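Below you'll find only one chain, the form deposited without this ligand, shown as structure tokens.
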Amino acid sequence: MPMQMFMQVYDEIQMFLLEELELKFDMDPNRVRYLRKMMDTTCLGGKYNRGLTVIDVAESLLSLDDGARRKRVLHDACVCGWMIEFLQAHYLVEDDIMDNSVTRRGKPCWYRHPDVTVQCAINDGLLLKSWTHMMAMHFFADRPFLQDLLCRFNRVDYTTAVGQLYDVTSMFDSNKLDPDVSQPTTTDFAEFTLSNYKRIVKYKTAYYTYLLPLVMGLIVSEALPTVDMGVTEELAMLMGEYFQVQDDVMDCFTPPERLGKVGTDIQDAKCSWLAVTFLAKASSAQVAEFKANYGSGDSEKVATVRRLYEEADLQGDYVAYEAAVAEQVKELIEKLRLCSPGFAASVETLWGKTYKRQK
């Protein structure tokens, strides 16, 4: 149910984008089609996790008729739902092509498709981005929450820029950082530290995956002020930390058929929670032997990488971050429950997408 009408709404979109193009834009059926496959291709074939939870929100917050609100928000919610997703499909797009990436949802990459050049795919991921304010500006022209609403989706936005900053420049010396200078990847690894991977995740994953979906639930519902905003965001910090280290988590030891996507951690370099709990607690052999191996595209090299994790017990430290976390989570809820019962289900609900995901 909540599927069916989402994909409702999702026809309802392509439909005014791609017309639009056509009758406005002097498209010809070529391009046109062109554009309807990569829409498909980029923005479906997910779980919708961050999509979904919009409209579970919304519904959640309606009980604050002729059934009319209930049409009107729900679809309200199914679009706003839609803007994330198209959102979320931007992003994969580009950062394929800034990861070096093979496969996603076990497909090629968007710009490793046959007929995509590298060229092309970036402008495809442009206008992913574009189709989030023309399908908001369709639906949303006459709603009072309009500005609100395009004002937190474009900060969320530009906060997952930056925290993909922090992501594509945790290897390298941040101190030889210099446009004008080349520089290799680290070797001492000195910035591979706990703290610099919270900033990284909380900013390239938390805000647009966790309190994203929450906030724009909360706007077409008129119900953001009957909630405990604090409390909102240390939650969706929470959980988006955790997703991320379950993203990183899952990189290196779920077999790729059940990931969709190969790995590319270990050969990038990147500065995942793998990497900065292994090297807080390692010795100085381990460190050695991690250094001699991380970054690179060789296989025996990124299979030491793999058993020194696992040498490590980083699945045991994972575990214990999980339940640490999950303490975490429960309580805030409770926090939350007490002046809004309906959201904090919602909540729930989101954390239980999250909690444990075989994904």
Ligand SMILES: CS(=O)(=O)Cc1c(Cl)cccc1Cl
Second form
Number of protein chains: 2
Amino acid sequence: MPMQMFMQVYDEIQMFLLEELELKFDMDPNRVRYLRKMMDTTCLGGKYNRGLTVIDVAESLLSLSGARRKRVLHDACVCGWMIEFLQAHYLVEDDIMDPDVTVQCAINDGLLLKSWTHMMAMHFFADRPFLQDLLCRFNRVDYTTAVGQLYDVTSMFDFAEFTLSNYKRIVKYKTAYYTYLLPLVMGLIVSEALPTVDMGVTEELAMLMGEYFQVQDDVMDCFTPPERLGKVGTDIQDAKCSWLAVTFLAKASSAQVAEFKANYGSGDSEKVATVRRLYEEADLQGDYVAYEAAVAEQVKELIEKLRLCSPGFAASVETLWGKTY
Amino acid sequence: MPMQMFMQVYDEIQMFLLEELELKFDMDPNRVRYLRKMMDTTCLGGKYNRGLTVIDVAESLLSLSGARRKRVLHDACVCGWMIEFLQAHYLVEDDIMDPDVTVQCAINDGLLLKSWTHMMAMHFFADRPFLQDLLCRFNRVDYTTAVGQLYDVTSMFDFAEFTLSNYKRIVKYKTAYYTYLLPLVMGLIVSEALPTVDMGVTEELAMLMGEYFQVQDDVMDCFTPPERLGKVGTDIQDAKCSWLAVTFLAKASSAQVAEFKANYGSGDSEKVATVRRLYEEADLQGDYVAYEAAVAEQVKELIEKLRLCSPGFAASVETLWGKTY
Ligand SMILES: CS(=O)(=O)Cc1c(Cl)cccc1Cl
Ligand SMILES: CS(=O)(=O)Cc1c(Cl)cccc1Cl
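Mind pulling up the form deposited with this ligand bound next to the form deposited without this ligand we just looked at?
Expanding to the full complex; the earlier chain stays at the top.
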């Protein structure tokens, strides 16, 4: 029912955007079918973890607070695809980072995917009293993500910023705000119960779950094989400010740090294996278990504090944390 | 006074955006000075033709309709920089079209410049009753520009689309909407006199002035030397759907079209000179004078129709047309 409704609204959103281009933007059918194939390629295929979270938060606030039910659920599906389209926009920009027409189309695809989030919001929420507040919070979170990408890209240019506090700043702005906090806020806006929750505890939970999610991703990028991870890990070659790097530099000797700096950020297969050897000898995978356990305790405690004022809203956060844990 | 006030508001807009990153986004001073230098590089240096147009439209509607004067003029300066920041966003995306950190920073700069238009609007217009209507029209024009870039990039991929009607469609969506129509609408919104004008005649004037502006740019790209144009013309090498191409294909013989197709879209210095020779022998620079004269007559006539219901608003359009002519 949730996934089936989320994909049914996708056909409604896609049909409007493509017909709007045909009727109001004078687009030929050849480009309409081109943009339909591009939209399905970039937006469909994922697990829809961000989009379905908006649905799970909305369905809890309407039953635990009937023409209003069908509207709130449909509004959450549109907001769910706004984030999925936004995620597709970020992924397209990442492919460009790593008269050529394929690059011109990639840049154009990234602009259309972002603008489509505004077009589907200005239409399905044209008469909603929260249209102005939704666009402002959506644009501020998108601006937050762009700032987080500046922290991540320039994390090794200005190992001084290879600290645990700066790592949290990267995860917070680059990932946690739009992946965990944005779906929760959008579920509150479509349910008209936004000021009825403690945003401080809600924001604190979103940053902890994103931190828990990024630490697990950093370890799998280095140790999980490519066929079992789904991609090729490249954090060591790209000199990323990963959780393994900032934790190794804290418990390593002067020679181990010198050997780390002489091998980190290189594409050599032996230098990357040297960095993995330093991570293995430092027992970082043992500290990874203890670090994630402490974060999980902080999540289980803040949900109860959020439950004292948001009983149903905390039930969706546990489900959100359940799929992260 | 106009230019001096427009640059004074720039310092106010820049100071807010940078302090917001320092106070609300936890940005270190090294990156704040980095973003200050990037903002001045991408946004400053141009002629500010789009930004100053918003000021000229606003000052006419307040004197030809005193604490309201200072607010409307300041609101027009913020809207003027929203377009200038938007133009800088488009230019940065064009540089990308033609672990590399310089490309990651270029993509990040393009995202920040676009988001800065929303941040400066959500702040200086936070209590304005037109904040929701301004963002929707701004996002729709930005979406219009992205669609126009799809028409321009794919103008030779799908010489069938090398027609005068499709050329007008490219100029309309790619350039005319955000360069000529957007500054006029923003001048009406800050003056609270938007529904007091004929938008049909206003839109028709914006597309004609943009068409008049693009035809002149296409001829200068081919004939004006690099030192006198400010850049190197490359429409022939890039196989662009220029006004010279769509006009040549209409008045050329079968061999001249065959010679055109065998030389258009190539970087060879002799093939580009062959295309220029075909343009010279077809007397296209003679038709360019007659085509621009007919467009100028249509502009001078629609301003009078717009004057019958918008006396002062048409005075700024003549000034807008005066700098285009
Ligand atoms: C979108 S994500 O990166 O997969 C994080 C996530 C997960 Cl893992 C499970 C449910 C919701 C979310 Cl937001
Ligand atoms: C921004 S532009 O491309 O220079 C077109 C223009 C001109 Cl030429 C003169 C005044 C206003 C405008 Cl919008």
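Positions refer to the first chain, counted from 1. Between two forms, the rigid core is defined as the largest C-alpha subset superposing within 1.5 Å.
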item: Did residue 330 shift 2 Å or more between these two forms, C-alpha, core superposed; value: no
